[PDB]
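This report refers to the structure that appears directly beneath it.
We show some of the complex, not the whole, and keep each chain where it was.
Labels for the chains are A, B and C, by order of writing; each one numbers its residues from 1.
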Amino acid sequence: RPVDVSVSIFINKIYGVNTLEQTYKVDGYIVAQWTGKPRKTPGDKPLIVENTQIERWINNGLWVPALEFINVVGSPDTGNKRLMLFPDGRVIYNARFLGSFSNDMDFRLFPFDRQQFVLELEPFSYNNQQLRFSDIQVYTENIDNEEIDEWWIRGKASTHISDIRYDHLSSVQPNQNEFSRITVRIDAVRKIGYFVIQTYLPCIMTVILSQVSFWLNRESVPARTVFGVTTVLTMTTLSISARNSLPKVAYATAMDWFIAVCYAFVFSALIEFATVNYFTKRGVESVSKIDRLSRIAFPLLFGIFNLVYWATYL
Amino acid sequence: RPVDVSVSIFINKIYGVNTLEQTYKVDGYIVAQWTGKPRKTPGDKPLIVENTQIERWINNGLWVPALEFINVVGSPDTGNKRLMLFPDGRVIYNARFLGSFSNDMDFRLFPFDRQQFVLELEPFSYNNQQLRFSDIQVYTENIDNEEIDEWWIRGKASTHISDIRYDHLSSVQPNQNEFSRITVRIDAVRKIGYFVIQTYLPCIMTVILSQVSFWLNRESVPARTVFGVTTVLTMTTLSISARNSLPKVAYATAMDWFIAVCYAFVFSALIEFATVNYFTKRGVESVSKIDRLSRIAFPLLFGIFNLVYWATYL
Amino acid sequence: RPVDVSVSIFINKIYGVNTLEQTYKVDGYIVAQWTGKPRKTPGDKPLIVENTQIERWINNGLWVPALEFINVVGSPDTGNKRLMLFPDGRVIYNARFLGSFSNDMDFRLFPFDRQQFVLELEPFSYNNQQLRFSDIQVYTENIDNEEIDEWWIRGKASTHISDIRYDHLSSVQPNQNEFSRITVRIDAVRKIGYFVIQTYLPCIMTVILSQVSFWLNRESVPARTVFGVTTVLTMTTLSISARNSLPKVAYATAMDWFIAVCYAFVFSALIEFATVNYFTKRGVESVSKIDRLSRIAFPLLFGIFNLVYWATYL
């Protein structure tokens, strides 16, 4: 019996990539072709039915199986549908879809993470013994040209047909609760320019500003105090505002570690100033070797750490 | 008489956990099976009906009872439906649902709180004398593996069949106003890493920054003035911003008490500086035993308080 | 003639209290019972019709009057409906509703205000000469426990049946433009803990910090300058963020008067410091009775004002 269904999915665009809710909107077309009883259309050309007569056609016994996306969040926005009825028997169901899909994303390497936009299509009411997906072909011609998003599409699409077992139908369908599933995966990487400008360069210049304190002698303590407190508060607000752009994930990201290292450098600069002020105890000059060596240690350590960082993750 | 209805609920995913509105979105499938009068299916195969033919079947007298979720917020997003009609009489209703459900949450131990995601399913128009839930089986196979939400699910779901009394039917149905109710409960705990990084570490480093003032002698008043005002304003902004992620609840949370203790420490450090400034009335220094002992009292008290706090709530 | 209709409203929950839009969401059930012409049910048992046959039944001449909420914002989300048809003629319409209702709210005593949640139900197309509300019974069993979500429910519900005249039907229906209206009112008060923690305690501690300036002599001008400018800016931002939680109503609230008094206290402290700095020369030396008396006048005045304030409104 099992009806062989050939599926072709045209992807018009991907957008609305919300990393907080871990959703992304997909606009495209879906074509589902199977082979039924032969028919006689007016002329050799096949007959075309637009959405509403479709009801009547399935009310008079025409078999049109309902397909459903698993990753969708809420009923996907279904546009116009159409039925092409061929004289040689093949029936084709074509519909436009606008859907908010979901997929598990891992942000450990954020903002250098690699993710996948996934479509999991699956028939309803019909198991693999009744309906089986023969082939799948994805035509991603629109987005593959330029990868227009805050993301970058890396490579062609991947297709896979699998069989998924549901235990909640075993109470009904005995030993017949396996459904055929089409899986479409699109690999993508994150472009870091926005994140550079918004968090990395601010942290770098904040560390530089903190280091500027070293090139003052055991001078007006308020000046270096202003440096220290200003820089530590700036780094705190930067860490908060940077992690506000991610979901509340127990694990730490690469941006988290970078911010932590910059925070440690700024706090170490402040503690160094406090230390060298604790050792002044005198109305003499005696410029301190501590600051003279810090003026080199801090920038050189920051530079080699940045080299290690950016050599990693890239 | 009472029609025994067997229910199986497959939960595809839980997401959209909004602690402000105390809602959470649940996507899954629902199966409701009962045994009616025998019928004649076409062929030996049981009959399958997809949503629209369903109308015709309920127009020709087929009895399909309406079930409803109590925790839902608005009409739940209903996907595709299906009826499996068996020759031996049993009818089976299978449908996908995506709903925003509600449940009373208690935030006294926030962010260490433990909550439960609840589904309250119940028939409409039919009491326990007409329709009764025989058994319930929940299949939470997808999410129980790794908990990739902002929460952590601990264990399988709990099922409960109960009888609920309604006073708004007591005005008509005397002593016959009891409805069968299925309740599915999923226990969850909150991951605190986001809250750690966003409020606790900032508060801790702000307390450290406030304590740094002790390591300046009593002469430069402005430096320690900047320290005190900077730290108290930072702690105020942190107190404000921390409760921004919670509903407006009259009661206090654990994070509230932690912030209050940190604020007390910062303000007490500032008042200590003001006190040692009150003894400046001289042209002498006499480095103050107050600061010399504070450099130990403040950090040690903060450390033992952190020990007590983090030993509690965990 | 006038058909007597008995109405019972079961309130499942009240939530979504948006003080900005002056709206609130109510989820519950509505029951409307009247006595019509007798009918012949299959068997002695009364007949039950679930939503869809309902259409068919009114297509065969069944008279089902349309009821409407006046306070509602948009078409309320109606869940499942049901008709209980008795052989003796009485009809019962039971349906679940979830609606966003509106009511004029007065925020003069904010955040100590007391408000009312109102439901104004009224028939459509039928006047008091055709349809009359006989009795009303509200069954608020779920929420009566002094529920959560920023408010406190004080007492049971109040019911009132009235007659409202419409001038826009006078152009057609002469002397027949009076409609019967059911009004359900639920008194509620606001929990102030959130508002305390978010604005009052910050303002109080800001005033305390501003007063701390007095315990510095008139010598270090910058320290007290930092105190004054920091505190006045803090109070300005606090006033802004405090009125950010209210609609643009133009009248003054209790929070407005409290913030204004705290602002006056902070600015008066700054002005006192500026005056004594203009008097650091021209007639004083190193100690001033002005500060010695301010250290008592400012805290005592603030305390007695706080006593008067908090004794009021409570």
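The rule we apply is simple: a contact is a pair of C-beta atoms (placed from the backbone, for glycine too) under 8 Å apart; a residue touches a chain by one contact, two chains touch by 3 or more.
Chemist: Total copies in the complex, given 3 are shown here: how many?
Modeler: Shown in place are 3; the entire complex has 5 copies.
FYI, only the chains that are shown with their structure count from here on.
Chemist: Tell me the shape of the graph of touching chains, choosing from line, ring, star, complete and other.
Modeler: line
Chemist: Please report how many Å separate the Cα centroid of chain B from that of chain C, as a whole number.
Modeler: About 25 Å separates the centre of chain B from that of chain C.
Chemist: I'd like to verify one number: the distance from the centre of chain A to the centre of chain C, where each centre is the average of its C-alpha atoms, in whole angstrom.
Modeler: Centres of chain A and chain C (C-alpha means) sit 40 Å apart.
Chemist: If you look at chain A, which of its residues touch at least two other chains?
Modeler: 222
Chemist: Looking at the complex, which residues from chain B come into contact with chain A?
Modeler: On the chain B side, the touching residues are 6, 8-10, 12-13, 15-16, 25, 27, 29, 31, 33, 48, 50-53, 56, 77-80, 82, 84, 92, 94, 96, 98, 137, 139, 141, 148, 150, 191-195, 197-198, 202, 205-206, 209, 212, 215-216, 220, 222-223, 226-227, 230, 234.
Chemist: Looking at the complex, which residues from chain A come into contact with chain B?
Modeler: Touch residues, chain A against chain B: 21-22, 55, 58-59, 65-66, 68, 70, 73-75, 102, 104, 124-126, 166-169, 171-172, 221-222, 225-226, 229, 232-233, 236, 239-240, 243-244, 247-252, 256, 263, 267, 270-271, 274, 277-278.
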